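Student: Below are the chains, spelled out letter by letter.
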Amino acid sequence: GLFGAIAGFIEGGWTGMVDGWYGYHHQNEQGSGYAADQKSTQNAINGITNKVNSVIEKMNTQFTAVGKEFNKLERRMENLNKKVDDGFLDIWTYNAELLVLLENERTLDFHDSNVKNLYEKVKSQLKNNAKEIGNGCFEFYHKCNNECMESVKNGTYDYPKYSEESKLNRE
Amino acid sequence: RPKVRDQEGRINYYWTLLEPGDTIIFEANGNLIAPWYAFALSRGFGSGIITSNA
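In order, the protein sequence lines correspond to chains A and B. The first sequence begins at 344 in full-length UniProt numbering and counts up one residue at a time. The second sequence begins at 233 in full-length UniProt numbering and counts up one residue at a time.
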């Protein structure tokens, strides 16, 4: 995509994360593991579900239509009937394939932005209390226990609270 | 005429839809293949004719 998160700053996805699309991984003295960001994932799902259903639901049902018999002196009309069917088939095939390709590209950019935005949310929370490393990770300069990890994920990190410790650990 | 199904003559077939309340009159002095049975039609929607060996 155009935001550069998927197989970009993030080396690749997590096969160990099973409760969502976007999320976090953590490690501290009390344990480690993966957890999904339910708010980000559900919003991504609702957007995509509406997009898929829009493409399908806006299409009308194909109503009964069959070919027509023509006699041997009605070739001009038979050829007109065929022209109409071929023209409609060509229009719908071109549009169906091109629409899907255009929308698949946009879906992947949608996802690329959503994970990048999650990354920035944390960067803005942590400020100088952690450093950026590759693979989309923030390495803390202070002890961050399980209560801290939940606080960072929820967007409630009390930045100044940990600033004295990080200033010392940063040397 | 060339023989078709062993015949040299032909019977042409004709039809018409008689509207409710109308009258159809047949007059002839020869060569008529008379209607015997006729069909009272009731139309619906969504049907059509398909060609299939299924």
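Think of the hints as simulated: they come from the structure by calculation, not from any bench. Keep in mind that the hints are not guaranteed to be accurate.
[Claimed, not checked] Chain A residues, not near chain B, derived (Cβ > 12 Å throughout):
{"#": "1", "residue": "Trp364"}
{"#": "2", "residue": "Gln385"}
{"#": "3", "residue": "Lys401"}
{"#": "4", "residue": "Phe406"}
{"#": "5", "residue": "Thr407"}
{"#": "6", "residue": "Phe483"}
[Stated by the list, open to error] Now the in silico label distances, taken between C-beta atoms and shown as ranges:
{"#": "7", "chain 1": "B", "residue 1": "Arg237", "chain 2": "A", "residue 2": "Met402", "range": "44 to 54 Å"}
{"#": "8", "chain 1": "A", "residue 1": "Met402", "chain 2": "B", "residue 2": "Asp238", "range": "52 to 62 Å"}
{"#": "9", "chain 1": "B", "residue 1": "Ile265", "chain 2": "A", "residue 2": "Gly430", "range": "22 to 32 Å"}
{"#": "10", "chain 1": "A", "residue 1": "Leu423", "chain 2": "B", "residue 2": "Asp238", "range": "16 to 26 Å"}
{"#": "11", "chain 1": "A", "residue 1": "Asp433", "chain 2": "B", "residue 2": "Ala260", "range": "51 to 61 Å"}
{"#": "12", "chain 1": "B", "residue 1": "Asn244", "chain 2": "A", "residue 2": "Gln405", "range": "32 to 42 Å"}
In this text, a Cβ means the ideal position worked out from N, Cα and C, and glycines have one as well.
Student: Evaluate the condition: distance from the CB of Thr407 (chain A) to the nearest CB of chain B exceeds 12 Å.
Tutor: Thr407 (chain A) is in fact no farther than 12 Å from some Cβ atom of chain B, at 5 Å.
Student: Look at the Cβ atoms of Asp433 (chain A) and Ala260 (chain B) and judge whether their distance stays inside 51 to 61 Å.
Tutor: holds (53 Å)
Student: Range hint 32 to 42 Å: satisfied by the CB atoms of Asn244 (chain B) and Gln405 (chain A)?
Tutor: Holds: the Cβ-Cβ distance is about 39 Å, inside 32 to 42 Å.
Student: Could one say that the CB atoms of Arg237 (chain B) and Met402 (chain A) fall in the range 44 to 54 Å?
Tutor: holds (50 Å)
Student: Has the hinted range 16 to 26 Å been met by the Cβ atoms of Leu423 (chain A) and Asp238 (chain B)?
Tutor: violated (39 Å)
Student: Given the hint of 52 to 62 Å, check if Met402 (chain A) and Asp238 (chain B) actually sit that far apart at their C-beta atoms.
Tutor: Once the Cβ atoms are compared, 55 Å apart, the range 52 to 62 Å for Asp238 (chain B) and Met402 (chain A) holds.
Student: Taking the CB of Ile265 (chain B) and the CB of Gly430 (chain A), does the distance hold inside 22 to 32 Å?
Tutor: violated (44 Å)
Student: Determine whether the non-interface label on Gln385 (chain A) survives the test: each CB of chain B must be over 12 Å from its CB.
Tutor: holds (41 Å)
Student: Taking 12 Å as the cut and beta carbons as the points, is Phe406 (chain A) off the interface with chain B?
Tutor: Since the minimum Cβ distance to chain B is about 8 Å, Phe406 (chain A) lies within 12 Å and the statement is violated.
Student: Test the statement that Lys401 (chain A) is away from the interface with chain B: the closest C-beta pair must be farther apart than 12 Å.
Tutor: holds (22 Å)
Student: Does the no-contact call for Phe483 (chain A) survive, Cβ to all of chain B over 12 Å?
Tutor: Answer for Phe483 (chain A): holds, closest chain B Cβ roughly 67 Å.
Student: Taking the minimum C-beta separation from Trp364 (chain A) to chain B, is that value above 12 Å?
Tutor: holds (43 Å)
In this structure, the hints that do not hold are numbers 4, 5, 9, 10, in rising order.
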